[PDB]
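Whole structure, please, built from the sequences with the hints as guidance.
In case you want the letters, here they are:
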Amino acid sequence: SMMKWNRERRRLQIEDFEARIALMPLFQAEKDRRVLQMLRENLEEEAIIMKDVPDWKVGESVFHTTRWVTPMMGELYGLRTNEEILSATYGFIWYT
Amino acid sequence: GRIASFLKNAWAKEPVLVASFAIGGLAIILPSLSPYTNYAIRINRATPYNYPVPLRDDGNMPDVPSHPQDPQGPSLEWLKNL
Amino acid sequence: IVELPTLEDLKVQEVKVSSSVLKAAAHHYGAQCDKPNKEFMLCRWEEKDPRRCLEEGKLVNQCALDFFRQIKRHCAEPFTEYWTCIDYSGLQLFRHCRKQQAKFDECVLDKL
Amino acid sequence: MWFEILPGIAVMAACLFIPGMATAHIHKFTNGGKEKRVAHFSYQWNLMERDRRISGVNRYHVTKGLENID
Amino acid sequence: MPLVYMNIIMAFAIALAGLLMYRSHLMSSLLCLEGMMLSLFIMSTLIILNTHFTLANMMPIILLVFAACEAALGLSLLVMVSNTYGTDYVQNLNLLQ
Amino acid sequence: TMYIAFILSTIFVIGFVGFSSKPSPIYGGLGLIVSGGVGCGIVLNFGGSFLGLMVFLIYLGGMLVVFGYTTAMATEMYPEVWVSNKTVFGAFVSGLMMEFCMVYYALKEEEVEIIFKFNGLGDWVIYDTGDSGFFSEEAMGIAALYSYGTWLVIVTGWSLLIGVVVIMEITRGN
Amino acid sequence: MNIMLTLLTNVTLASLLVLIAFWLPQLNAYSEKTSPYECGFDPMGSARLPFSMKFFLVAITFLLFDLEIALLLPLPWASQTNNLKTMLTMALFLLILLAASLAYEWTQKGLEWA
Amino acid sequence: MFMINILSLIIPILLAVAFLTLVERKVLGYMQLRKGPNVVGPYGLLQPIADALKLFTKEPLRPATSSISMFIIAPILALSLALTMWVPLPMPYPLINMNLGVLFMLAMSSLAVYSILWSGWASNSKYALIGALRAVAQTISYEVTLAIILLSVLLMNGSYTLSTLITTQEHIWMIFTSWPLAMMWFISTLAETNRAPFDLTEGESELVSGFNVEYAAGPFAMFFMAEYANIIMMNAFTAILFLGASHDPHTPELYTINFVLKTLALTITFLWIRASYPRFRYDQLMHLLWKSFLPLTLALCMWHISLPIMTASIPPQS
Amino acid sequence: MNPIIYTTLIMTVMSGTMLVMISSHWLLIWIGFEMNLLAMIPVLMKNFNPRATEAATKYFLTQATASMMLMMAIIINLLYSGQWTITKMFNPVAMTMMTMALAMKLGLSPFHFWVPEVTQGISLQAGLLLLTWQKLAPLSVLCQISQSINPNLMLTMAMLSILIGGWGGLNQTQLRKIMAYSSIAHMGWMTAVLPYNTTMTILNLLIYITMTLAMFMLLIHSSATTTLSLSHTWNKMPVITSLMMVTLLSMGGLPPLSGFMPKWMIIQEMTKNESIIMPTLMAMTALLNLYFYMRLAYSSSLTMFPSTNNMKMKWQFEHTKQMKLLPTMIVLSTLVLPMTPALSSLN
Amino acid sequence: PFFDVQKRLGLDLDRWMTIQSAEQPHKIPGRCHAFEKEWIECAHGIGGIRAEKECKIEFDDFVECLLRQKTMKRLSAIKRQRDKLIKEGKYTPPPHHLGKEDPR
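Chains as they are written, first to last, in PDB author numbering: chain W, 49 to 144; chain T, 3 to 84; chain s, 4 to 115; chain S, 1 to 70; chain k, 1 to 97; chain m, 2 to 175; chain j, 1 to 114; chain r, 1 to 318; chain i, 1 to 347; chain h, 2 to 105.
Simulated from the structure, these hints should not be mistaken for lab results. One or more hints might be untrue.
Said to hold, decoys possible - If you anchor each label on the Cβ, the simulated ranges turn out as follows:
id : chain 1 : residue 1 : chain 2 : residue 2 : range
1  : h       : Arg51     : i       : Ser345    : 26 to 32 Å
2  : s       : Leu45     : W       : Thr114    : 21 to 27 Å
3  : W       : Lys52     : j       : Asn83     : 57 to 63 Å
4  : j       : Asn83     : r       : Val208    : 55 to 61 Å
5  : m       : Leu108    : r       : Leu261    : 41 to 47 Å
6  : h       : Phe4      : T       : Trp80     : 46 to 52 Å
7  : h       : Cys43     : k       : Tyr22     : 43 to 49 Å
Heads up, the beta-carbon is just placed ideally off N, CA and C, and yes, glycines get one too.
Have a look at this one:
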């Protein structure tokens, strides 16, 4: 009996994997635009804050590399409210 | 012949240990015999935690389906019949 | 100094359906909406830079919108009868409801 | 006789009965009948991530339906 | 490098200095050594969690094993030295440092 | 933020301050208990939960018990508490001032000059997106040990086995 | 958070029970009443050295099995790997050695426990 | 309001250990023909609180020879962990959805006995030291087989998460599949909790109340109380883990109504064990384990490793 | 302990070193040492003495702390370059510690103090094996990390090992402690040239192992220990004392003899590097190393300390259990000098 | 003596565990896979010595990939800068209630 039930549950599992696998791409799009958004916004806030500094190329990539990096989720929340950061990082693990 | 006899002895003496060697070895020898094993590994090929990244067309190929569900890719209803 | 798209140019009206409702019908959503979709991800995994494929990333949004616009005019009450059943479980497991899926999948397979 | 054990044992049951209820309903009480949501994996949390923000209210209990798109 | 790592490393440095200040009955040393072991473990695991360098998720536990293993051995020697004295480092037969 | 992982690192370090000072092995066993739970907590904060619970199980649930046996074999009358000697207590204070200087350096927010630079600020900053399907990186990451890394399994098996043999060939000699 | 909160409430609960345990009866402690129990007659000496090889001779074996089970734990997850024949031998392998280790102890009379 | 949920988890259970004591004297009484406590009740019911009041009211001396710090910290840890092990337990809905809380049950259970070691170490008395030591022996000696057989019964549910263990028992129950491991789990819970035939930590007539002696009023109440916490808790654990039940999400309460039965049905059994068997003695206690339980635990273990491959029946969870 | 187990231990030591000589991944190297240790301790505990026990305590305690520092420095290397392959290390604060850990593993001074003591605590079998086979693995990794070594740090221990390997050698009577200072002195010569050219190291290593095999097989053959105990042997089996003389001189590196081949290649290599002063001090001190080989020669073969009477009956009884490998170990460790060029076989 | 028998016999028994990339289960990417990949493709016949010269830039970017050291010194410089402006500037209103929650 355990065999029967276990196999069947494997089937409904794999079907669930098709479900998520169908959902995925537009989430990819959303996270995409949202990231570039936050990066732009924070960059503008950099243009305001660091502007007072006489010597400060603004938004310079630290790398020689031309290629995109996907920013560490530290700078991406460089000015956000503490609560937003608690949502950002620990939010999964601290979630039950 | 006689070697069978002291199984009667050990079975008289330390039965726990006897059953232990019994299933303990049988669990090693048996699995190769079972056909289902070939299916068993096969099931774990079927389930995809990671996304199936699409490949660009380049002159037919042509066993790769170009979706919707072109009957060209692997069958999986064999699994459905299980 | 890094090149970035303007704050506006990225902007697109969001899909805003809830995730449970989304999942209830997504199993069809993959079946119908598709070409823009795979074009998109294939475009992404090619060059890795998101900005390059951001436009297709718009096109997929609008495509999904058209999908739900096709939905709401027809199946809806059966549909809501379905995802309401599903959203009730926090595992979002398909097994818990199922029967409604008879309603929904039939009303779609006939009426649309 | 032996049946007289029962007052002693039933009091056990109800006590143990309490948490099992008390948690299960508090969930529904907080979640609005949504019956809680597990998030064992990063992805499911990503669904609760996409959520809350989607609801105008931050509490993600509510799931805006099709009407949200229009 | 983030300050936390510096802190664990320092816990290592103390977990060594404690081993070497080294005093009275030596059982304390097997403790201090195991503490040292634990600091190396944690410092490893935080890293493998950091970069998602997934295969190396296997190492820390394996590290742990042998390390614990030698410590498991160590007590046995102590037994023997405890067997003839009631242990203290203060008593050593061998000559010439 | 909470800096909770970092303050856990601090309690960890003082756990080694009271531990590395050497006041009867039993209290040191307490020291590794405290440092142990703090440890598993700290590694838990990055979510490598299985490992933190390995150490919280395999280590503390194993070792310090067997040390709770060695002291039965060692002890000696009137074991010393941390307060029971000038060098021991002096040592404990000696640890406290140093680690406190490190926390003061954290107040300085400047990169640490000691040994090599410590970049400063909060721990969270180094985190990156943890995006994945219905599996943690750790799960399959350690599950890989069997199928994908048989060699280590061989040498660990062999090692532990012959370690048992060594325990034999030491204790039997008496 | 969640778990740290329950830890704190539990420990504070217990500590509360301790404090209401001591600072409550409010009566007279005195010497000899506070002397250690020894089934009536006074102790012949404070606790010293209940030495036994038969402690570690097995307890160490505990420690070296516990390290082993530490390796057994990954198994449920490893079971779903794509290539079980590469795995399965090892899944058996360690257990054999575990047993083997025990077996070696079993009959060198190193397992006298007690 | 999560806090009131926690409080809602902790008060009812303490009430449950009190009434557990009373049930213990009751049933264990009727096995002896003699009626248990009765006169103060009317059905005895009021007794346990009178009991606890008798304790806490009574003076709890700080022993002259004992170091005080360990002597106080040990009971605290005992109730602490005894309660903390309860948190991730699916009833049906766990208070916490730990990804791998079973392993955590082992963690708490493994730090439990360490408190016993301190309890007997700081107590300073001869009986304290000897009894505590043998106590730690039996305990660890059983935690190894403990954790192995728990592993082998967990290969097939899928994963270490607990709620899934409901899902994997939507029909047959685990027990029909692997009862012999259920036996060994049962007995290992019968010794790890330090109970009837495996009686040594208390020592009783063998060592006049064992490690626990020098503790007087309140701390004694704490070790006593925590002990019963572990007994009901391993009982509940066995219940969910080897005895599945129908579970409609719309009516969770129904499930709990069933669950407390299925677990209580276990706890009573320990008492009905207590009335039945003489204790093992420290040799045989460890003899049967290392010599006899363990090898079967291994052979069964390889067997259960091997079924999912031969049967092609590998459990779903990633 | 019955031979069937003893041989498994010794073979797992061989494996526990071979593993270091094979694996490229660091973790398998630290496993290599770690497995080596567990299998090294028990073999020191055969026969078992109240003395031997604390001998093993010394050895374990130092090897354990060494392995600890090593693993720490590996982890730091990984932290600052995310690699596991041997190769160059990428952080000097780590690199110096890997050098330290290995410095304990060789027993180089000032970490050296355990080696003369430990040797005292065990029989010449376990002794010889400790002074040869244990010297392989840490060198086996140093040859792999010669590329980035911080030469200053290496030459300082490399010299100080020779001075301490000298002065502590003039003082002792019982031979085992002397063999300890001999080896502790040669390791200075091996680890000296290591930054400059590893092939010279491996050459010197081979000569050293051959040599100490010659000696320990001889001490076994005569069961001598304390110097006086060695003194009697001239009358019983004169040959072997009359051969200890020579092997000792080959330790001393008097130039016709083979033991001169190491020094005289080393001096070459370092001289290409300029660094002309260091080999001069080194070669001058090696003399001081020679002198107690000579005094020990005086106790033995060149002069006859008074015999004890009881010896006479022992004259009737031939030695037994011949050790096959010995004669070749003498001869290779002596006569081979006009076969230096063959060293290039080691490339 | 780095015997490389595992290579001559081709056993590869050790080699797999090496390196950030090099095929990992379920093809999970390393966090710094790219800079690493480039940097290793740079590294072959150049072998070790000249490699520490010519490939330095790649290894550098890989370093910052590992530690995020420089981006942290920068980000720290900004956040510390902001305190000076804290009275002279009020920063951004939306962080508190902007379209970021509408954003998904």
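Hint-by-hint comparison with the structure:
| no. | hint | result |
| --- | --- | --- |
| 1 | h:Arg51 x i:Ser345: 26 to 32 Å | holds, 29 Å |
| 2 | s:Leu45 x W:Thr114: 21 to 27 Å | holds, 22 Å |
| 3 | W:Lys52 x j:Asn83: 57 to 63 Å | violated, 25 Å |
| 4 | j:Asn83 x r:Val208: 55 to 61 Å | holds, 59 Å |
| 5 | m:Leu108 x r:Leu261: 41 to 47 Å | violated, 58 Å |
| 6 | h:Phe4 x T:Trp80: 46 to 52 Å | holds, 49 Å |
| 7 | h:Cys43 x k:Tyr22: 43 to 49 Å | holds, 48 Å |
In summary, the structure is inconsistent with hints 3, 5 from the numbered list given earlier, while agreeing with the others.
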